[PDB]
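Let's start with one chain on its own, the form solved without its partner chain, as structure tokens.
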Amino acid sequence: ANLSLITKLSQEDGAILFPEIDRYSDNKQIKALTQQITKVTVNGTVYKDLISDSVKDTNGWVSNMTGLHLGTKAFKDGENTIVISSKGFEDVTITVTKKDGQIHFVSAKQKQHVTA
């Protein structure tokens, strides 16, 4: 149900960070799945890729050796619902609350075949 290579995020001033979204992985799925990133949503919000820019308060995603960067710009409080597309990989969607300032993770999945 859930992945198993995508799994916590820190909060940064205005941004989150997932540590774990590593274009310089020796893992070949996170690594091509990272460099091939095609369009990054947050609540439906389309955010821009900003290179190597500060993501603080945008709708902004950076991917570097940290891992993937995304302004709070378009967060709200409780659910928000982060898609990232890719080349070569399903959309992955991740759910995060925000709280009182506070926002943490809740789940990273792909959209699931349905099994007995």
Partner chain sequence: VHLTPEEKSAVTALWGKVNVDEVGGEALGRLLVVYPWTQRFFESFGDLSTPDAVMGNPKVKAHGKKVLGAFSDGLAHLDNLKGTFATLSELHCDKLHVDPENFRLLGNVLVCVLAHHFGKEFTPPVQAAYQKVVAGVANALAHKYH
The other form holds:
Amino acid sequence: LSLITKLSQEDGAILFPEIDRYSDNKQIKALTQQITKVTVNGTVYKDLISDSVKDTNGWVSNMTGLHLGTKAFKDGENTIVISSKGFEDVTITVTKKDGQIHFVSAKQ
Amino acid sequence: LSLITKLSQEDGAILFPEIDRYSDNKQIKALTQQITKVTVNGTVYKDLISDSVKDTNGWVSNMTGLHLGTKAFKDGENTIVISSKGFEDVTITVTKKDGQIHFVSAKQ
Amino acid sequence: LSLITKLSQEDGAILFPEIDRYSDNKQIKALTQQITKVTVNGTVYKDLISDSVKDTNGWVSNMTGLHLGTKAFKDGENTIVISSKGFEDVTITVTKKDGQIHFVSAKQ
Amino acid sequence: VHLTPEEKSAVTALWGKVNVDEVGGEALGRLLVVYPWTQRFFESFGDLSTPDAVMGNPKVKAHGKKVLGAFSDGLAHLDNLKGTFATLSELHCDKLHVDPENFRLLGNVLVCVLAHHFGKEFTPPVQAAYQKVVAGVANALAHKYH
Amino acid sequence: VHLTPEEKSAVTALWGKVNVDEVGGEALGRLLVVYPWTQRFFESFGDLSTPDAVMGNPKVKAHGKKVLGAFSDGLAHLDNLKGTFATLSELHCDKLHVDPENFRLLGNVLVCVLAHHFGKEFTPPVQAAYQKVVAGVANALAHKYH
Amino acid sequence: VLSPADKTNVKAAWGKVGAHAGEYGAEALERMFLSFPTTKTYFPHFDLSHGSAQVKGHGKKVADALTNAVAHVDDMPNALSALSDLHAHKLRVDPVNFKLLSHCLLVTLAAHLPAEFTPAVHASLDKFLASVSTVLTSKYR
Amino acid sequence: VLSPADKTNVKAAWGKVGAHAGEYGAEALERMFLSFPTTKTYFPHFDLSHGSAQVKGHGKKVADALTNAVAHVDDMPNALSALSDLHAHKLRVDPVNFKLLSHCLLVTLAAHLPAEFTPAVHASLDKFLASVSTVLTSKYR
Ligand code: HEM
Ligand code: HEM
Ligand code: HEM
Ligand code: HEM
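Since the one above is the form solved without its partner chain, can you give the form deposited with its partner chain bound too?
First the chain shown before, then all remaining chains and molecules of the complex.
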């Protein structure tokens, strides 16, 4: 996908700025709004609504992006599967190396 | 008093239009507003707030005037004493004759 | 009057704080609101609405008090006569001494 | 309250051509006429019984100048309305007890009067400038209510 | 927004007893039912056509916690609402196009819900505290509009 | 105007008020006076102290006028048309105040009617009080 | 409801609009869009630029609806009943917007009718536009 490309590191969690529920891109707005399920390395994450995601199996969509807890993040390669109502699951790939997570790919 | 001068008859009660709690006459307004006690022929009347005064020992100040129940009204000469924190008791005198009350006088 | 007692010295004018058009004292409020004519030592002053009174034959009623220009103010004793529809003229007396005006008395 | 360069210039250029004695009186005139409940506050101004009674009542024209004059301090200090109007916010709330909703109404009537005097010159952009100024004055007078 | 030391104690004592899972959703639910034009903004929530549709719709309950959560920062930071809500203000105006009048409405519905849950304990003084808090939050969200 | 369904809710809920009309009326005024103190000044003569006699009196006056409008629902504009002159022509009540009192009446009704103050009923009451509001300001229109 | 003289003012002043209906309609929308940009978001696909063709089109549609409601001052709720369903049930237009547009209509009327926008006529028009506003939001109440 040409639209999901980068991420940020936070306390016990990662942020996808471009997964914006208020994005001027009608498609991104609707995808983010309709997220039914997130899996990291097969583990089912929970919608924490507005709590912190610091060291949790939890996600939050808000004005800054999609926030993901790094609890179920292993060393090396990780596989994130975001599902919504009206889109094909987005599979995101990242690399934990000495406790630093770098963006790899996001494909549909 | 050349301000309390007339009355009307109602169903088991009498109305003094000019005893107006919304009167442009700041004096009448304040008197009506601060009525503490009303006596007809010695009998102490009750503030009925907004109920009917039909055949009661009750008075009501509202937008149409001061409403007085004719329960404690005898035949011939009648004496009404209105007291108000504000100023001097208002004494009204009226005449019941074949069940018809005519205004006579009002004095302080 | 026990109500008008002091004044303050402003640039080319004097201020009567107690002549307050927003006074909770219904009497003072109404007097100030109905000021028809002001004379200093016989000279007729003008209502300048809300301009400055600095070195004018002008008065202004506002939230700070009654503002009087010191143009028609002579050395020694001065006599200020305030007239208002409802009330009898108020005469206020003050004393200019090498450019200091101090309060004397105010009477009806 | 934040205005572009072209807007601040536009406002002051139009204000400079304004009859300070006449416009204030028509604004307050039109408030007392179009929003009749506003007469409550000014019962001490004698006769407000007809449109003409109100518009030709000297106390109205007079009060108009105080109001219009006060908008002028507003235009002098747009970066400091909150402060300029403070003692006067105190007055309208603490002593007069004016519902701030009426500040927005006067302001909008003021806009109707400018459009009435300046005809085609009261362009949509010029309005949008003056709408920001008038909401600003309204906010400032409302501050010392909370 | 000035509260007496009693008002502050009163507010926090009532807030402490509030179901932060439930109350925000009853407020939002009641706004969508009482003031139907508010449905415009939340058409992405699915069916809000009936009081049942609404009070049973998880997107509402969940959104209610974000709103209740937001009032919590408000109560934490009464000295600096304008700042606490600054980013939310930009969002509601610049990105949601929501008229500030609706903030006052939600806040009044929130007050109706507290009165519904707390009965006689929601005393007139405790209301007058919460009415000041809700007018305060309404103000801060409205700031970046100006 | 109110749906048949709205009228049914208003009649049912105001029914439950029963003999507390005057007390609920008085509570709402007190709720208005504390929360919106600009409202105090329409009552210069009154004692506005918590247990005030005059407030309880004016609570009855208002609550009774409402009780009346709940059984004049179709006839409301005609029922309170004298009250409509009083409030506009003489008292010069600011429209804004009808919304504050209406809010305070809902807060009161909500506080006293846990078991029937459903969303559907709160809408119906909210509308109904706006109707009374609309009639009472109608001599401005 | 509108006095006989309210009607007389509204009919006389709206009369003077005549064939400028479309232009005055379009000016008011543009005045609303500049002063209250919150209103622009009801027009997602419309060209809202100065001189827009769609704005002139929508200006005519509105002005014509108003011209219509002048003829039908007496039975307004019945006159614009279909428009009332559209604006409340479909578009969910926020009541607040009807006051902004109405205000911008007076600014327009005022700007274009120096000689006939008298205080008496401004009251009459202000009321009349509030009537249109009230009917247009009447599937909320
Ligand atoms: C005090 C009043 C209010 C508060 C405290 C509040 C708070 C919030 C918060 C915290 C969010 C989520 C922000 C995020 O994702 O980071 C939000 C979103 C939103 N609010 Fe509000 N809000 C208020 C009033 C309103 C009103 C009155 C409306 C509409 C009438 C509204 C419509 C929305 C909408 C549409 C969203 C985005 C919905 C979504 O993405 O699912 N809000 N608000
Ligand atoms: C919303 C429903 C309202 C109802 C049903 C209502 C009803 C009444 C009634 C029955 C009276 C007594 C009239 C008489 O003596 O004949 C009255 C008087 C009055 N109302 Fe209202 N009213 C309402 C709203 C308001 C509001 C919002 C205000 C002010 C904020 C207000 C201020 C007054 C005042 C000042 C009086 C006169 C008090 C006195 O005579 O001592 N009313 N109202
Ligand atoms: C932008 C809006 C307004 C401005 C700039 C404004 C300004 C002023 C000013 C400068 C004064 C004179 C105070 C003094 O110098 O002593 C004043 C007084 C007053 N204002 Fe306002 N005002 C505004 C809105 C309103 C509104 C909407 C009302 C509604 C009733 C109102 C009612 C009054 C009253 C009653 C007085 C005192 C009357 C008198 O003593 O002559 N004001 N205002
Ligand atoms: C006096 C006030 C108003 C009048 C007379 C009026 C009249 C009309 C008319 C005649 C139509 C066309 C009907 C149709 O297409 O079938 C229309 C459509 C519409 N009106 Fe209004 N209207 C008014 C106020 C408003 C306001 C205040 C808004 C929004 C702020 C609004 C938003 C709309 C929208 C979004 C449409 C649909 C047009 C489109 O996008 O194609 N109206 N109006």
